[PDB]
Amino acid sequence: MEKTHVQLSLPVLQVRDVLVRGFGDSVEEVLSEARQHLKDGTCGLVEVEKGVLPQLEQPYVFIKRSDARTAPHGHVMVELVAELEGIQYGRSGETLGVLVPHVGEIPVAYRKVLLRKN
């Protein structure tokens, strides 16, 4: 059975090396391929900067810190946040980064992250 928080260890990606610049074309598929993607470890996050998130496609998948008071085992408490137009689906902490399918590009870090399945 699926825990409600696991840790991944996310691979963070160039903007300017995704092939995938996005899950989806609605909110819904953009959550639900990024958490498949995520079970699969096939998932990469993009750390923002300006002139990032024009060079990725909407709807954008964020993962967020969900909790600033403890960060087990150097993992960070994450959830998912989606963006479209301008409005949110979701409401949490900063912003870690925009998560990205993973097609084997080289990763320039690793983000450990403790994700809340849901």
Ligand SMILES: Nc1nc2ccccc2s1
Second form
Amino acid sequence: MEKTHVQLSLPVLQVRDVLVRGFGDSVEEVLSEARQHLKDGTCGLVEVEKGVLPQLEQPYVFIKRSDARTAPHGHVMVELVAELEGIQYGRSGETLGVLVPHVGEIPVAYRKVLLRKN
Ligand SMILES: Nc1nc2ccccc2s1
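The structure above corresponds to the form deposited without the named molecule; please give the structure of the form solved in complex with the named molecule next.
Starting with the chain above, the whole complex follows.
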């Protein structure tokens, strides 16, 4: 019954503020935990720049652009892709950022996305 996509506004966090630097210890766990935190409204987004990924914990969960024409209501369509030891689980478009737990850190912006569930 889950709609295929959900409109979400994610808090954008600076990497040095992030208290919990990843979702888990395996590709399957991080994707599971990321989806659960997205559903609970406890997921943040870190924009990737030089120095960011080495300050976060692998496996990484990225949100990547899933199409070119869909940005309904200002929300870019995205899907989840995990990465561990240079191997990616999924193929998609450009990375919008890396997902991390949000535990109350103050964001610098909010990023509107239309997220593909599964
Ligand atoms: N399987 C599911 N993944 C997600 C991701 C975001 C929101 C809800 C759900 S339910």
